[PDB]
Amino acid sequence: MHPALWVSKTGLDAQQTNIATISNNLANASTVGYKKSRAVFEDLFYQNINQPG
Amino acid sequence: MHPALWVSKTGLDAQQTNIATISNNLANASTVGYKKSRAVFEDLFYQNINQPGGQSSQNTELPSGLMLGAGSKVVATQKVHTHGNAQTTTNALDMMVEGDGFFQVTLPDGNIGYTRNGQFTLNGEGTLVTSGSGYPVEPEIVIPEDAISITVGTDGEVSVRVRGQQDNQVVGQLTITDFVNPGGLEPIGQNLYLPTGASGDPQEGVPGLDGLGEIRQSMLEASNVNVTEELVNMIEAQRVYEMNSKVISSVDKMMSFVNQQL
Amino acid sequence: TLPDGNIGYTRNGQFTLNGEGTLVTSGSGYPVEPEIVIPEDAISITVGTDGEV
Amino acid sequence: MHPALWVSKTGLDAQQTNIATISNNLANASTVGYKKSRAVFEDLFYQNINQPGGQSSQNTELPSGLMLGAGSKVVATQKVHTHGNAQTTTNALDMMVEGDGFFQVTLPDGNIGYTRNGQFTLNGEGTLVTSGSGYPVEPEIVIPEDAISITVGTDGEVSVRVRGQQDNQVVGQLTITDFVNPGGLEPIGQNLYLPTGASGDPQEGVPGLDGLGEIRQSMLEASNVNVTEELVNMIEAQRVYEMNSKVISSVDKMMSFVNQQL
Amino acid sequence: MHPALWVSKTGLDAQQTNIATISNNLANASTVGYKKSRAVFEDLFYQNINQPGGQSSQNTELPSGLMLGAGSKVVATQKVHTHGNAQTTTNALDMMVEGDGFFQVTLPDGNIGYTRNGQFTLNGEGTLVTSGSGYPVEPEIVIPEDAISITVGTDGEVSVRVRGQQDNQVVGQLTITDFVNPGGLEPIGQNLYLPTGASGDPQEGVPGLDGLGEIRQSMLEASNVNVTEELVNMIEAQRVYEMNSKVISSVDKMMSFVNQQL
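If you're matching them up, the sequences are chains F, P, W, L and D in order. Under the UniProt record's numbering, the first sequence has 26 at position 26, and the numbering climbs by one with no breaks. Under the UniProt record's numbering, the second sequence has 70 at position 70, and the numbering climbs by one with no breaks. Count along the third sequence from 1, add 105, and you get the number used in the UniProt record's numbering. Under the UniProt record's numbering, the fourth sequence has 55 at position 55, and the numbering climbs by one with no breaks. Under the UniProt record's numbering, the fifth sequence has 140 at position 140, and the numbering climbs by one with no breaks.
To be clear, the hints were calculated from the coordinates, so they are not data collected in a lab. The beta-carbon is built from N, C-alpha and C at its ideal position, and this holds for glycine as well. Hints are supplied without guarantee of correctness; some may be wrong.
Only pairs whose alpha carbons sit at most 20 angstroms apart, straight line, appear in this in silico PhoX-like list of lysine-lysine [claimed, not checked]:
(1) D:73 / P:246
(2) P:246 / P:79
(3) L:246 / D:253
(4) P:73 / P:253
(5) P:9 / D:73
(6) D:9 / D:73
(7) D:9 / D:253
(8) D:246 / D:9
(9) P:73 / P:9
(10) D:253 / P:253
(11) D:246 / P:73
(12) D:73 / D:253
(13) D:246 / L:253
(14) P:253 / P:79
(15) P:246 / L:79
Pair by pair, the computed Cβ-Cβ distance ranges are [unchecked claim]:
(16) D:47 / P:183: 53 to 63 angstroms
(17) F:37 / L:123: 23 to 33 angstroms
(18) D:47 / F:5: 45 to 55 angstroms
(19) L:190 / F:32: 45 to 55 angstroms
(20) P:41 / F:1: 48 to 58 angstroms
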């Protein structure tokens with residue numbers, strides 16, 4: 001319905017996956033030979049309304 | 001139908017673009033090497049009914065004319081390329097440019113993409129690639145299989161420690177590209193930009209000379225967004241969006257009254 | 106001061122300045138009697154209760 | 001949209017600048033030779049509605065004029081260049097300046113950077129370099145491979161004792177740089193400073209003579225941060241921060257009320 | 001169109017200015033030497049329908065006439081020049097005026113700006129300047145590079161101590177200016193005031209004689225804003241603002257009803 005609704009949906013989804021990754025590392029704080037994981041964030045594509053240049 | 005209907009409709013569309021910009025800045029509040037954006041508002045043309053300065057009789061001129069504006073729009077989205085905070089990490093493959101300059105990656109189509117994100121890693125062949133889609137970082141930095149440590153100097157010189165051998169071996173050189181106007185770079189997503197006509201010619205050089213920034217190993221550049229400004233701008237944008245709806249509602253009620261009366 | 110030369114009397118107080126700085130009417134641009142010339146080095150204008158500019 | 005919205009935005013931004021300054025001081029609570037910083041506030045311009053002293057009627061002038069402020073901002077971040085406490089260590093290569101003066105090191109680009117940090121070491125060639133990025137100290141001080149003990153005098157004279165020779169063999173001399181206004185120096189990170197136009201011309205000389213401090217061997221200068229003052233300042237700056245947010249909250253509720261009613 | 005519409009517009013205008021004044025005070029809740037401001041309200045002219053005291057019949061006069069008001073406005077912004085609390089600092093170049101008086105600094109245009117701020121520093125030449133924009137202080141106080149400590153007396157006598165010399169070297173004498181009506185000064189921002197017609201003639205002299213205050217070294221003057229008072233005035237202003245919005249809303253509904261019926 002609105003561009004900001006979809007943009008913020010991706011932000012909510014991205015942080016859910018990041019929080020899920022952090023919560024997994026806390027769960028495996030006693031698992032022998034465990035390697036922690038970090039979520040890598042990137043921005044999505046950009047809508048080209050006016051060309052910068 | 002009514003001039004106020006068109007003028008206010010432009011104001012509604014302008015605020016929506018501004019809100020869409022605010023949402024993206026808050027969405028990328030944790031993206032490494034992300035630059036916030038600001039919407040630039042400007043008014044449209046002015047309808048000239050009475051000319052300001054036209055002579056109203058002799059020795060007398062119109063000090064102010066009847067000029068009606070056509071509304072407003074968001075003419076540009078400015079990338080505020082101010083340096084973000086530095087994240088102190090223990091990883092040895094995530095580097096940060098301190099100052100001006102961009103990293104260079106190899107796009108699948110063959111062009112060079114520019115990224116402020118420094119989260120790098122290795123692929124199966126040992127080439128230093130990005131931590132996203134895995135694009136190689138230019139110039140190629142192939143880590144030998146005999147290395148036990150990786151060091152990246154301030155001037156971008158990358159060295160390793162081969163087992164047994166002393167006098168750490170140099171494996172390559174990092175070169176960062178600078179642009180006179182980094183705000184003119186076209187964002188193509190994936191923390192990547194492309195050079196444009198307004199960005200300027202790509203100025204490649206050693207990271208630390210000729211006005212370039214320095215490579216900081218085991219460091220990352222957080223996004224420069226200010227959550228305080230984003231939320232307050234959302235407050236103002238929401239109200240002005242509601243302000244323009246009141247005019248359209250008033251015009252709608254005015255035209256309804258005229259239809260019933262006239 | 107009307108264009109013909111006679112003096113017209115107005116209750117409207119919306120005034121402004123012309124190119125030369127004389128106080129004029131915000132509409133057709135007729136000067137105000139007596140002429141009030143605002144110098145270009147001024148930073149603010151204060152009109153007194155008894156009309157002193 | 002509302003004047004109180006913009007003024008409170010300046011209040012929020014200034015307090016964030018102040019808290020960011022205090023947070024920086026608390027982060028560097030164990031850095032050697034670190035000078036704490038304080039944020040300097042100043043009010044912005046005042047909108048001139050009614051001129052104070054304007055001739056409102058003859059023989060009478062406006063005592064107090066209607067002038068509305070535009071908020072406030074942090075105009076500068078002043079470095080408090082007061083001497084810190086001395087730490088006693090068994091290391092022979094860490095020195096301290098007792099008084100005014102800065103150690104000079106060779107930056108990678110070729111310029112001279114000034115540091116109060118005395119944690120020095122040796123590289124493979126025996127030159128006295130910093131224990132950080134390894135920048136050599138100006139002038140070069142090279143320790144011969146036959147030295148068994150290193151001593152640095154009050155006047156900065158570096159001498160070593162060689163196995164098979166009475167009396168120390170001088171290997172170099174240390175010179176420290178002072179500035180008329182050290183608060184004008186540019187912080188370039190890594191406990192280094194660079195001179196600016198407001199700092200003044202560098203002035204070298206032997207340590208101990210002509211106002212310059214004395215080189216104290218086996219001693220380090222702690223950061224001059226007082227965490228007790230830093231913690232209290234954060235509490236005060238947090239309260240002022242919430243003072244301006246209530247004004248934004250009040251203004252937003254005001255604009256919402258007018259939309260619903262008017 | 002309706003008298004109650006125009007009267008409440010003046011009420012809304014006054015409360016918007018009142019809130020903006022409060023928002024400026026809360027923004028400058030940490031500024032050094034800031035004097036709080038209070039808006040002064042006065043009613044507008046009264047329309048004379050029935051003259052009070054007019055003779056209705058002989059030996060009888062109107063005890064009270066029908067006089068309709070035109071609303072209210074904010075006539076002045078009064079700077080409350082009450083003394084603020086003192087901040088104890090370890091800096092030696094920050095001063096305070098214990099009592100009446102203003103520090104005088106040389107503005108770039110050539111005139112003298114009067115400041116209650118005491119945060120001073122040094123330029124490249126050693127001249128005592130403001131810690132903000134860097135304006136020189138009148139009269140110029142130049143600290144020679146032969147000094148090891150700066151002491152500023154109560155009477156404003158600036159003296160420095162020379163190394164190898166058991167005698168204070170007097171290098172200046174600060175003079176402060178008092179105004180009969182400091183509230184009549186024109187605030188120009190940057191913690192600076194300019195004299196006005198209603199401010200009075202500047203009277204300059206030694207800081208401590210003829211009613212002038214005393215110079216306090218290593219001490220700063222806090223702002224005199226009362227956050228408790230500003231917030232309560234913020235709540236009161238928000239309600240009075242909403243009071244006049246209801247009157248406009250009621251008038252708006254009244255006219256709409258008349259349009260549909262009449």
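Okay, the hints, checked on the actual structure:
1. D:73 / P:246: 27 angstroms, violated
2. P:246 / P:79: Status violated; Cα separation ~32 angstroms.
3. L:246 / D:253: Roughly 32 angstroms separates the two Cα atoms, so the pair is violated.
4. P:73 / P:253: Given pair residue 73 (chain P), residue 253 (chain P) is violated - Cα atoms ~25 angstroms apart, limit 20 angstroms.
5. P:9 / D:73: Given pair residue 9 (chain P), residue 73 (chain D) is violated - Cα atoms ~35 angstroms apart, limit 20 angstroms.
6. D:9 / D:73: 10 angstroms, holds
7. D:9 / D:253: 16 angstroms, holds
8. D:246 / D:9: 11 angstroms, holds
9. P:73 / P:9: Holds. Residue 73 (chain P) to residue 9 (chain P) sits at ~10 angstroms (cutoff 20 angstroms).
10. D:253 / P:253: Roughly 14 angstroms between the alpha carbons, so the hint for residue 253 (chain D) and residue 253 (chain P) holds.
11. D:246 / P:73: 33 angstroms, violated
12. D:73 / D:253: Roughly 25 angstroms separates the two Cα atoms, so the pair is violated.
13. D:246 / L:253: Cα-Cα ~15 angstroms, so holds.
14. P:253 / P:79: 41 angstroms, violated
15. P:246 / L:79: 51 angstroms, violated
16. D:47 / P:183: 53 to 63 angstroms: The hinted range 53 to 63 angstroms holds for residue 47 (chain D) and residue 183 (chain P), with Cβ atoms some 58 angstroms apart.
17. F:37 / L:123: 23 to 33 angstroms: Cβ of residue 37 (chain F) to Cβ of residue 123 (chain L): about 38 angstroms, so the range 23 to 33 angstroms is violated.
18. D:47 / F:5: 45 to 55 angstroms: Cβ of residue 47 (chain D) to Cβ of residue 5 (chain F): about 53 angstroms, so the range 45 to 55 angstroms holds.
19. L:190 / F:32: 45 to 55 angstroms: Distance hint for residue 190 (chain L), residue 32 (chain F) is violated at roughly 39 angstroms.
20. P:41 / F:1: 48 to 58 angstroms: This hint is violated: roughly 24 angstroms between Cβ atoms.
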